[PDB]
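What follows is each chain in one-letter form.
Protein chains: 2
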Amino acid sequence: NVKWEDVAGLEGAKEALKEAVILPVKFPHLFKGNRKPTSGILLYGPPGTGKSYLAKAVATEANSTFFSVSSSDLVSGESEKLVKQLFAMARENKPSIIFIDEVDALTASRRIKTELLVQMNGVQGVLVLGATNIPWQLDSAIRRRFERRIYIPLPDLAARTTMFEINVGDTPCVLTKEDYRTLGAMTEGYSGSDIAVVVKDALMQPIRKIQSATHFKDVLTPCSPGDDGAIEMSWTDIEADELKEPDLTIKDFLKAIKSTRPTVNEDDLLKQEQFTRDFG
Amino acid sequence: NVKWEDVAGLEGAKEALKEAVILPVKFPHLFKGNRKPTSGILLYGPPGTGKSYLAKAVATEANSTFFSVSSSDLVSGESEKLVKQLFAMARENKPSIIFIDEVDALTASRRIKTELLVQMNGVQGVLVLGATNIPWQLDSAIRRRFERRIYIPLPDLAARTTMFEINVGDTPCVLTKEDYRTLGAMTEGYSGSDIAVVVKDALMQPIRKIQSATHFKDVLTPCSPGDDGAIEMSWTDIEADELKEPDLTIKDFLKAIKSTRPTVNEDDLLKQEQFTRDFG
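Chains as they are written, first to last, in this note's numbering: chain F, 15 to 294; chain B, 15 to 294.
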């Protein structure tokens, strides 16, 4: 989905991972003696910043193998062994990152928490990135297991532009280069993923219009009851190859943006600012 | 444990894997169109030939990630998910081999068998090597899932020599270069691993002698009741630093070989010769 080449956005973070994650793996011989590399990296920050993609992104650049697992899908009879296998394989596989998403949800589970903490116990070769959107509620112990904390904030007033370019890839449209910028500008305060939902919505407009319509203009494409060829009929009547879906446009996206007020609570985001000052 | 560099032994097999496993991964662009690479490789042959090491060996050379799992340890509440995760990770990780040891033991298990067959279902990127010491008892279906069969026979009248060199590495001794050859020669018909057991035994001799002894000669090291300094006493009396363990020697190994008659049944091995003629 995302390539290191375009992950830049995050200010003082793309960098950190380069140094924190890549630099060691990119020739670790510089880490002999009292120069111990980094054991664990916690990624924490406002929800919907792709932390997951970011992790896979850095890992790929780092040319290490990638093993993710969500705490959610792990806490929710014998999953204690999954964690064993997981580290196991990461262990038995060159340089490897283990991405543990939603570490905060570690605290039918204390077994897992323990298991992990054990598997993390001791551990070069295998990095462990942990993700958390609620870093305070991470267990005192667990938090201790992650040395280098790295903050990953909401998308850059320009990073969004690309993302609009993303969740439309295949999907045909008519957006110009600028238009994405605009759409990026119009989403000040929006979550990198808040985006993707609006774009889902945006995409559905063309067909969504074909449905609720009364008249269709000729060239057939929907239209108003007053127009040059406005024939009162339905899409049901339109030929299998006589239907020209209306084009996608900023309009559509802007309508979406309009009706998709972003999730990130300014007061919430401030609270994460406290963790940075406590464990940054 | 084993490096591709020395795996040669197997006649017309080191080769096959190079071509069967490595050649595709070593630039797969040569496999466009009706040129489909190999889906699954069954390794079958007389027990104790390191098939497991061989698999890891080829995979390493192939520069793919390696994921093993034993059917034994998988058939013996919710392990159905392990297989999912396993392929899952192999899937999400570049070129990768999945090694399924003891496929024969696939036929509380039919769930697994199915699961696997499903996961194998369809599948470039991910090879699957399967190992079996009893290839006939592999399920008709399962066997169908492995296209290229590769036979891996008992060790070469000279391959053994190295292995004797192996299971002694750290362990100090006095074996010359020749002596290993000898030990290799003296194990005609021995299993690559039948070796390792004898060597366990061989290794224990030095201390094993220190124990059962009556007199110790000076320099202290054990000896006969008639000798130049044969003092009637025990190892219990010997000083913490006044004990010279007797040296390891061919003698010891040859005693072992003597008392460690190999497991591979000539008649059994013939039976595997039938599978080669039926599905080779």
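Keep in mind that a hint or two might mislead.
Identical chains share a label here; the pair holds if one copy fits it or two copies do between them.
[What the hints assert, rightly or not] In silico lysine-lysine, BS3-like type, Cα no more than 25 Å apart, as pairs:
| no. | residue 1 | residue 2 |
| --- | --- | --- |
| 1 | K32 | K46 |
| 2 | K223 | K269 |
| 3 | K95 | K191 |
| 4 | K17 | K108 |
| 5 | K28 | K258 |
| 6 | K46 | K285 |
| 7 | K269 | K108 |
| 8 | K272 | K127 |
| 9 | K191 | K50 |
| 10 | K32 | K272 |
| 11 | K223 | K17 |
| 12 | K265 | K223 |
| 13 | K265 | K98 |
| 14 | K95 | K70 |
No lab work stands behind these hints, which were simulated from the structure alone.
Practice task
At 25 Å max between alpha carbons, let me know whether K191 reaches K50 within a copy, between copies, both or neither.
Solution key: neither (46 Å within a copy, 40 Å between copies)
Exercise for the section: Indicate which option fits the pair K32, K272 if close means a Cα-Cα distance not exceeding 25 Å: within, between, both or neither. Expected result: Neither: 37 Å inside a copy, 59 Å across copies.
Problem - Intra- versus inter-subunit Cα pairing at 25 Å for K46 with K285 - result: neither (39 Å within a copy, 54 Å between copies)
Practice task
Can you give me the call for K95 and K191, within, between, both or neither, at a CA distance of at most 25 Å?
Solution key: neither (49 Å within a copy, 45 Å between copies)
Exercise for the section: Check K223 against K269 for me: Cα-Cα at most 25 Å, and say if that holds within a copy, between copies, both or neither. Expected result: Intra 13 Å, inter 89 Å, cutoff 25 Å: intra-copy only.
Exercise for the section: At 25 Å max between alpha carbons, let me know whether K272 reaches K127 within a copy, between copies, both or neither. Expected result: This pair counts as neither: shortest intra-copy Cα distance 42 Å, inter-copy 52 Å.
Exercise for the section: Could you place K265 and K98 in one of the four classes (within, between, both, neither) given a Cα distance threshold of 25 Å? Expected result: Intra 51 Å, inter 44 Å, cutoff 25 Å: neither.
Handout entry: Homo-oligomer pair classification [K223, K265; C-alpha up to 25 Å]
Key = Only inside one copy: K265 and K223 sit 13 Å apart there, 91 Å across copies, limit 25 Å.
Problem - Same-copy or cross-copy closeness of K32 to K46 [CA-CA at most 25 Å] - result: within (19 Å within a copy, 36 Å between copies)
Practice task
Since the copies are identical, ignore which copy is meant and state whether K17 and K108 lie within 25 Å (CA to CA) inside a copy, between copies, both or neither.
Solution key: both (22 Å within a copy, 15 Å between copies)
Handout entry: Status of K108 relative to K269 across identical chains (alpha carbons, at most 25 Å)
Key = Neither. Shortest intra-copy (49 Å) and inter-copy (40 Å) distances fail the 25 Å Cα cut-off.
Problem - Homo-oligomer pair classification [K258, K28; C-alpha up to 25 Å] - result: For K28 and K258, the Cα distance exceeds 25 Å both inside one copy (44 Å) and across copies (60 Å).
Hint compliance for this structure: hints 3, 5, 6, 7, 8, 9, 10, 11, 13 are broken, all remaining hints hold.
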